[PDB]
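Trainee: Okay, here's what each chain looks like letter by letter:
4 protein chains.
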Amino acid sequence: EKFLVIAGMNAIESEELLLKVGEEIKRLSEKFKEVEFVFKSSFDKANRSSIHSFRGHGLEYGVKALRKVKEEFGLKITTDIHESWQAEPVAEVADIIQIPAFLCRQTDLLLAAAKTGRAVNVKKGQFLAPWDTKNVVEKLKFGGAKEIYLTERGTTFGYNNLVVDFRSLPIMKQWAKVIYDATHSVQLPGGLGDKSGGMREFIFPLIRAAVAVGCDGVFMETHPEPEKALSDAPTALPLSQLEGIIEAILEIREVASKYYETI
Amino acid sequence: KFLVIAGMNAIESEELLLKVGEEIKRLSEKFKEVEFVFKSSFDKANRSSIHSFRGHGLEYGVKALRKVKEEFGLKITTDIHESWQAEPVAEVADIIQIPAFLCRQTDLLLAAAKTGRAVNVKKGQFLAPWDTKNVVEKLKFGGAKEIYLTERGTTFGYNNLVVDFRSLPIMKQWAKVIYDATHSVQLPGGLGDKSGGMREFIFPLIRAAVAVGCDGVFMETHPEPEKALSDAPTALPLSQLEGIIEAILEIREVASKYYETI
Amino acid sequence: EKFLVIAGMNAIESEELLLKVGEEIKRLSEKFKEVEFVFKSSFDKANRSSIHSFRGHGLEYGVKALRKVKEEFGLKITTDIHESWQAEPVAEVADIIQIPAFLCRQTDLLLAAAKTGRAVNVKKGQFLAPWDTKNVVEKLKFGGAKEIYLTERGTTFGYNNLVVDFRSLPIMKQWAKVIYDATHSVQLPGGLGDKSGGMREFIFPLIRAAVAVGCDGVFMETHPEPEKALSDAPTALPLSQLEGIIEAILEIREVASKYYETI
Amino acid sequence: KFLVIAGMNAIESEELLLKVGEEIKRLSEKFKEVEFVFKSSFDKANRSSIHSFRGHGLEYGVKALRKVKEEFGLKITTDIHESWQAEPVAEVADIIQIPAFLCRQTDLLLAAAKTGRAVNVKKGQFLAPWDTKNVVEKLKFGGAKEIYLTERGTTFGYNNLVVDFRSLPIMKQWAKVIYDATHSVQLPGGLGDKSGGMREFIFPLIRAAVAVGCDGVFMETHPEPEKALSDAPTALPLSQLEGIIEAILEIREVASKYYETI
Ligand SMILES: O=P(O)(O)OC[C@@H](O)[C@@H](O)[C@H](O)CO
Ligand SMILES: O=P(O)(O)OC[C@@H](O)[C@@H](O)[C@H](O)CO
Ligand SMILES: O=P(O)(O)OC[C@@H](O)[C@@H](O)[C@H](O)CO
Ligand SMILES: O=P(O)(O)OC[C@@H](O)[C@@H](O)[C@H](O)CO
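Protein chains in written order, with my numbering: chain A, 1187 to 1449; chain B, 17 to 278; chain C, 1187 to 1449; chain D, 17 to 278.
If you're looking for bench data, these hints aren't it; they were derived computationally from the structure. Careful: at least some of the hints might be erroneous.
Derived pair list, reagent style DSSO-like, types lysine-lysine, alpha-carbon separation capped at 30 Å [stated by the list, open to error]: (1) C:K1363 - B:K273; (2) C:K1444 - B:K46; (3) D:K210 - B:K210; (4) A:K1359 - A:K1212; (5) C:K1332 - B:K192; (6) D:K273 - A:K1219; (7) D:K188 - C:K1231; (8) B:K210 - A:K1301; (9) D:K188 - C:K1332; (10) C:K1363 - C:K1212; (11) A:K1414 - B:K161; (12) D:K149 - D:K79; (13) A:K1444 - D:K48; (14) A:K1359 - D:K91; (15) B:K243 - A:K1320; (16) A:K1381 - B:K130.
Covered stretches of chain A, going by a simulated chain D footprint (3 or more residues, C-beta under 8 Å) [said to hold, decoys possible]: (17) 1221 to 1234; (18) 1424 to 1438.
Far from chain D, by Cβ distances over 10 Å, these chain C residues were calculated [said to hold, decoys possible]: (19) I1237; (20) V1249; (21) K1262; (22) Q1292; (23) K1414.
By construction, the Cβ of each residue, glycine as well, lies at the ideal position given by its N, Cα and C atoms.
Please take these sequences and the hints and turn them into a complete structure.
Mentor: Below you can see the structure in the form of structure tokens.
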């Protein structure tokens, strides 16, 4: 099946920066034709640790910025919602509606996304066991979702740290397509006090493990200059490095794929 | 004075809420040394299964809570799940409760703060004790004056929660601390389509909470927990509430002498 | 039943310092007559993180130092063993033989302690679940142990951190007397790089929880001047504070005891 | 070259050890690109239950290992539990293995180092990746020259282990890293009187190990795991060893291009 690569910018800092990333993703989509690319960005960071951190420029502005990316580059779009009412307006531009990790248990948010007819991708809560995502998928199907994804983004391991339990990939594959969030799986929640920390040095190694184990796609956040990111500065991947990473995981996927177990 | 938040997990019917409110009222008259606050949810917006009990809606719930408040003169507290619910709930709730999974949703916290009511935030199972300082700051920013932080367990491996009592002293630095004796022993998604829990540890850990030092306790009860529509494994039998309260007041009286300063 | 208070110095730095602590413990035993005191110290720290850290002055010297404490103060003695052969020589002076946390699963070490006829106290490994200590007690009984204790000293919670799951007290009480190690439960394993860290500020609060929940005794490490300790410097309790802590837990134990659940 | 440590958890009989050694020898002849080391324990000194299988003693075990080495010319590795065992074991073992629970026992490490043999330390389930730097230093101090650090899971809640693959890159800074594909999926004391495990995850995680980058893999096998006297839930069927080895060599070949420098 066609490997999915969700990539973009964690937050919509400016429509201009968004298009810069979109142009690169567009270029990569032309090269890696065997990959289905979906552009990602959030119109709002509704769960920053601090009240003083960047959130965004509003749903209206965000949707406008995303629609511009879809129109100018012909790229599929994905963004996350935080409250039920946002599902309808977002569904107009988003091909895949993302459900934040902390909200993976909020029945109404899930139902609101499902009735739009759009694909739904749920970030697995850091408090959730792999086998407990089965009920998450059941809620979505109940609400009309036909295309469902579950994203592995790490699990609470002690304080301010996350661990990736790769056993979750084959477990979750039993009821939905699985995506590996290579970015947030290495973040250190609240690690920097008023902001979360992260270890970029482990992004690549862990993504290699992800494709070796076997998944249906990867999620990666990028930025032209991570150091200047308004969110995920510690984990944003330099845009120039995206191509090399994708090539690498496609190669590892190919050689490992014959050994992928059948569910 | 010491705060005791009690009631039942969900509003299964105003008839049941009234039965429980009656007992809480009685206890309230028996323990003048305690400030009781009646709690119940008008909606279980985060059940594991789509087929589990959620409630009768916001309308029915707010009405039931009003009845409890008018029929027993008891303060009220209930949780909200989306920003728009803060205003209508504030009309009856003396304390707006923020769910654990939602402790980081800025707009929810701000909506609660804006109502002018007191706010009690359940500490996320994914949150470190010191990470609550920022939660408090958001509320102060939103104009909140009476802020509570509730300890309800931390993720410990899968389908299990552990109570790290070092959190009480730590959180007390920036807010009043409440100990949720009910959910701290629950086993997240333990029964598959529902969460589990071990009631035998409720009392022991509640004693630890007051020995350590907290500003209040949170307890969910039910006439017949066997028939509870939520928190069935952890709901405390109504008849046992009095004994436990008297117990923690006695322990608190002796232990309070050693509570470290802020 | 008579509450047990195991106290002393983590390591036998010098026979002189040992006697200084013993004198204070002796004084407290005279005051708190309802408490059974047992003097503790290790003739060897066989598991320091670094090869450069203090270990001790040998089994021979240690036993001699301990025997001096027992003779001069008439105090019961307890010390830990690391290899099977040490059980015999140690049993000559130790009333209770302690089994290190990392070694709680070493069958031979446990058996060696049990056949001496002495009481045995096993520190619950940081990797052990409360209910898995049942097999630990079974091994000891099999080996002849008639007086067995299980000590709660924290559980691995993420890296370099330990959490105390007080549910372990009533669970473990089902098969053995339970002791709460107020000292090591707040240590940060490997926290200081070549040495473990710790948070002394939580020692008192956690010990209060221990007696409120209900245990059969407490274990506390002390030192005239913690800052100068050769081991457990971050968690050693000032000797002058020992009396106040004991008085406090006896008071909390009394008021809470009527509520202790029956196993 | 790539290291593959294989054999069976316990020496149930030299007859069985020889059957397994034969297969390992065959594979050794098939994969010249790999260095095979035969492993087996002469004693399970840490079983959960007093009634579980330990072995036939140090004497019987060392003799059985000698037979394997002489009859197949395969290098040997076995674990020690007390300091006195290092010398007699060193006579046959090319690599002395240090158990996970004992990774902090200074005298055990020193005794192993003193024999002059290579030493492989199982990373304690209670140890942080960076905490192994000190383990290595003790061995260097004791004169150890060939030092290995093995990843075998970390405590994650109760009766469960999680493999944090960030440990491979971290540990590689101070030693060669081996991935124990067998015990990393075991469930400590999961069956009550015995430990559990999930064999379905052995292969998937072994693939992750080589995709990330390690100097070797550790695998326990058994003709009929159903009849194994230890590691029954995790022992890999002997017939499946070849397929998995070929698989990790292929993945390693492609992935090695991206292994970060030390
Ligand atoms: O406010 P901080 O803690 O930096 O949070 C960063 C997060 O918002 C980021 O990891 C992500 O968008 C999570 O929700
Ligand atoms: O997993 P289930 O059983 O649906 O449980 C959800 C409950 O524990 C819920 O009431 C709890 O208060 C969640 O916040
Ligand atoms: O070498 P470090 O890591 O400081 O170890 C201190 C320990 O020996 C101490 O916590 C205790 O004696 C544990 O075994
Ligand atoms: O808990 P039980 O089943 O006795 O298991 C012990 C085994 O897993 C043992 O062989 C393992 O290698 C311990 O180190």
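Trainee: A separate judgement is required for each hint: does it hold in the structure or not?
Mentor: Okay, the hints, checked on the actual structure:
Proposed proximity of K1363 of chain C and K273 of chain B is supported: the alpha carbons are some 28 Å apart, at most 30 Å. With a C-alpha separation of about 21 Å, the suggested pairing of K1444 of chain C with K46 of chain B holds against the 30 Å cut-off. This hinted pair checks out: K210 of chain D and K210 of chain B have alpha carbons roughly 28 Å apart, not beyond 30 Å. Proximity of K1359 of chain A to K1212 of chain A is assessed by CA-CA distance (about 28 Å); at most 30 Å being required, the pair is judged to hold.
Restraint check for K1332 of chain C and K192 of chain B: not satisfied, since their Cα atoms lie roughly 47 Å apart, outside the 30 Å limit. For the suggested pair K273 of chain D and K1219 of chain A, the alpha carbons sit about 23 Å apart, so the restraint of at most 30 Å is met. Only pairs whose Cα atoms come within 30 Å are accepted, and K188 of chain D paired with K1231 of chain C is accepted, the gap being roughly 28 Å. Only pairs whose Cα atoms come within 30 Å are accepted, and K210 of chain B paired with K1301 of chain A is accepted, the gap being roughly 25 Å.
Of the supplied pair hints, the one linking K188 of chain D and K1332 of chain C is violated, its CA atoms being roughly 47 Å apart against a limit of 30 Å. The hinted pair formed by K1363 of chain C and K1212 of chain C meets the criterion: a straight-line CA distance of about 24 Å does not exceed 30 Å. Our distance criterion of 30 Å between C-alpha atoms is broken by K1414 of chain A and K161 of chain B, whose separation comes to about 35 Å. With a C-alpha separation of about 34 Å, the suggested pair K149 of chain D and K79 of chain D falls outside the 30 Å cut-off, and the hint is violated.
Of the supplied pair hints, the one linking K1444 of chain A and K48 of chain D holds, its CA atoms being roughly 23 Å apart against a limit of 30 Å. Only pairs whose Cα atoms come within 30 Å are accepted, and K1359 of chain A paired with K91 of chain D is rejected, the gap being roughly 40 Å. Proposed proximity of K243 of chain B and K1320 of chain A is supported: the alpha carbons are some 26 Å apart, at most 30 Å. Only pairs whose Cα atoms come within 30 Å are accepted, and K1381 of chain A paired with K130 of chain B is accepted, the gap being roughly 24 Å.
For the segment 1221 to 1234 of chain A, the assignment as covered by chain D is violated, since 0 residues bring a beta-carbon within under 8 Å of that chain's beta-carbons and 3 are needed. Closer than 8 Å: that is the beta-carbon criterion, and the segment 1424 to 1438 of chain A has 3 residues meeting it against chain D, so the requirement of 3 holds. With a least beta-carbon separation of about 4 Å from chain D, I1237 of chain C fails to lie farther than 10 Å from that chain, contradicting its non-interface assignment. Residue placement check: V1249 of chain C keeps its beta carbon more than 10 Å from all beta carbons of chain D (closest about 18 Å).
Non-interface status of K1262 of chain C relative to chain D is upheld: no Cβ of that chain comes within 10 Å, the nearest being about 27 Å off. With a cut of 10 Å on Cβ distances, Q1292 of chain C falls inside the contact zone with chain D, its closest approach being about 6 Å. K1414 of chain C, annotated as away from the interface, keeps every beta carbon of chain D farther than 10 Å; the closest lies near 23 Å.
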